[PDB]
Each structure stands twice: as C-alpha cells, then as structure tokens.
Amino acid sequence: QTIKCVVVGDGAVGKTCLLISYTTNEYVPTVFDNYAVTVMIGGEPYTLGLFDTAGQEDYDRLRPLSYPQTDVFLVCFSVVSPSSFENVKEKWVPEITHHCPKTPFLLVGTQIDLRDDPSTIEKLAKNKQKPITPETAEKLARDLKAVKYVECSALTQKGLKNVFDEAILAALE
C-alpha cells in the first residue's frame, strides 16, 4: 500500500533539500536514500514512498528507470529560476507524460523564500528576468494538465507538509 512519489525537475531546483527537509520530521547528505513515512489523511494512515532523481538532470538514459509504478510525480521548478519553470513545460512534463501518461503530477514551485530577496531579483533582473508568480504558475499547471500547483520552501518549511499531503491526495484515485 506504499504510494510511490518521485521528485523530478532541473538541478539547482533543490529537489534533494526538499526531501531531506521533509524527512527531518542532523547532517544533510548529498545522497538521499529512498525514504517512506506514514501520513494521516482523513483519519487513515497512508505510507508515502519518496524517491529522489537528483543528479540525473542530463543523463537521459538513466531517468526512465525511475518511472515504472510511479503513483504521483512532483514536477518541480525554482520560482527564482525562469529556466527551470520553462523546462517543466519543455522537458519534464513531456517526459513523464511519455513514460506515465496516466500518472498524476503536481506542479511544484520551490525556493519561494528567495522570491523576497533583492540580491536574487537583482541578479535575476540581469538577463531581463523576474521571479515566477503563482498566477503565471497555475496557467502552466493548467496548460500541462497538472492535477494542481503548490509551492513551498525547504528552508522555511512553509507549505512543505502541504505539498506532500496533496501528493498523497492526488495518488489516491
């Protein structure tokens, strides 16, 4: 009865930090091992299996082996990284849709804590870029058939727990 949740997206999106931050509920390692946790939803105890894909961003021959039997994908992008948001529509959704057309996925925005950071807006304001907004974010979640769209911060943990409750919710179909 273990729900398989795979976290996909560009590197520097913080996928690993996202899973570690969530499972710290110590030394934060580089290599995150498959981790399962029991989550209560509607009075029922569900077992959530978490799987990281960190490092395979551009090892196209490796990624496909992570997909069989996935119940829900978390397609992530950094709100402060227009190129990661753009790769969701360009690389990730097409990839998961290809290998798992019936498998649901949440559009996930990370590092929302840096969206409120001058340094970032400044050194983002360079290449004529600005952080991504929930509005522009949902429209893409819409365009790509994502179940929903959620965001959080591994750092502050704001919206963290919610991301995973929805992952389970989405998988329960």
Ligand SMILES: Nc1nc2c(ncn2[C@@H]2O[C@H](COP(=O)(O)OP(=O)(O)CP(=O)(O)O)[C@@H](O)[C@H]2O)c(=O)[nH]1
The other form holds:
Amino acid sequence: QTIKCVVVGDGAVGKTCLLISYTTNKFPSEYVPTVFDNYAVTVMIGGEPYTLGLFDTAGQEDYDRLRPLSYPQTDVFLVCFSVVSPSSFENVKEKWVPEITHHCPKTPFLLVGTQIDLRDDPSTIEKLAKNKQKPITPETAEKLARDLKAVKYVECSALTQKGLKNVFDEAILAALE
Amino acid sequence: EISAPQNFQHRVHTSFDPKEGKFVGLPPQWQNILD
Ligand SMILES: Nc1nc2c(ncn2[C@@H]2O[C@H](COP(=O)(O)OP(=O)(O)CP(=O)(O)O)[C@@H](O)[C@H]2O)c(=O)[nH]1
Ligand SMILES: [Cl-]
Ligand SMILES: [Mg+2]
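May I ask for the structure of the form deposited with the named molecule bound now, the form solved without the named molecule having been displayed?
Next comes the full complex, and the chain you just saw is listed first.
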C-alpha cells in the first residue's frame, strides 16, 4: 500500500531540502520556492515494502486556496519550522496546525524543527539578535507539540542529515499505527 | 527496523511558466480550478 505524507510550513523553513536530502542524500545547491512537487520513494518495514508518497507544498500564503487541494487522504503530516526562525514557530500554532486540522481532523501530525545546525551559528545568532530574538529550544518545541496536539516532536538538519531519517521513520510509524 | 528509502521518483513538478503565463505541470485537481 501507499503512505501519503504531506509536508507543510512557512517559506525558507527548509521543507524541500529536508525531502531531497532524505530521498536522495543530496542537498539542493539553489533556493527555488515550491508551488507543488510530488516525490515517491519505497521503504521496507518488517519485510513489507511501502510506497511513501511525499507531498512538497508551498509555504507562501499566495497558495492558501490551492495548497490544501492536495490534502485528501493524507496519512501523516509533517508540520515544519526552522529552530532559528521564531516567526515560523509562531505560525505552527497560528496557521499550520489550524489548517491541517480543518482539512484532516483525524489525521496525525509531527512537529518538525529544521535547520538545527544553525543554532550554534554565530552569524545567524547575530541576525536574530539584531531584532532581539533567539533560536527555539527543544524544551519549548516539545511543549508546543504536547499542547497542539502532535504525535511527537522531532528535529533535524537536512544539510548534516542529523536526525533526518528518524523524522521520516517516525512519520512512517505514525501512518501505519 | 525501517530501511533507508529507495527508488526515488519525481512524479509531479508544478511551476508558473512566464512565457505562456500559466502554471504548468499541475496536479489534476488544481487543473480543474485554474484551467
Ligand atoms: N543550513 C541549513 N540550511 C538549510 C537547511 N534546509 C534548508 N536550508 C536552506 O534554507 C533555504 C530554504 O530551503 P527550502 O528547502 O527551499 O525551503 P522551503 O520550506 O521548501 C521554501 P517554500 O515554502 O517556498 O517551498 C535554502 O537556502 C536552503 O539552502 C538546513 O538543514 N540547514
Ligand atoms: Cl497506510
Ligand atoms: Mg520548497
């Protein structure tokens, strides 16, 4: 059978890189915003192969009416934010969870923190500090996941691949559960 | 355990085509909204 996994979240959060890094073990060398892309991979769990269908959506608000047309029969959502983008974290509560709830009320989702390799980056810590803000800690991310009311919180880096496979392994388990 | 993913396929790629001035490579359910 086919697992339908839909990835949502603000622009610049890193959804395309997350997916290309995992499905291909290559990091995209360019930034190109998404309207819509559908990729497929095959995964095997306990001897049983599954097609994992991965829906890469646009985080730009311009696609608010169109994006959800892709949400029917979703098995699991990845609701993404960048651990170094507080505005993307706020929109999880304000835009993204409300959106996927409305369309798919009984579908499980994971809260996914992206770009964790940038937490200890001096010059992104600087960019944040010029507007008196700071990265999101796991402690804070995990409260939001509990409260909002996700399967769990996972985080990763598409660039280093730290925790990346785990994100999708938990997505797969959520869909099959 | 769960295997690493295999047999990567890029099935749909939607873009806006400025020469034609319309989205191209659309999912079918978007198509009957936009075309
Ligand atoms: N350092 C670092 N950079 C990342 C990571 N993931 C993505 N990026 C960078 O962040 C930018 C945004 O990545 P992209 O994957 O296009 O984000 P997106 O969420 O798909 C944007 P849209 O919603 O418009 O499709 C790119 O410049 C990319 O190189 C990461 O884990 N680490
Ligand atoms: Cl399934
Ligand atoms: Mg993208």
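Positions refer to the first chain, counted from 1. We call the rigid core the largest set of C-alpha positions that still match within 1.5 Å between the two forms.
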In a superposition on the rigid core, which residue from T136, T120, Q129, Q56 has a CA displacement reaching 2 Å or more between the two forms? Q56
Taking the rigid core as the reference frame, is the Cα of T47 displaced by 2 Å or more between the two forms? yes
Threshold 2 Å Cα movement between the two forms for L65, core superposed: no
Mind pulling the C-alpha shift for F32 between the two forms, with the rigid core superposed, in Å? 7.5
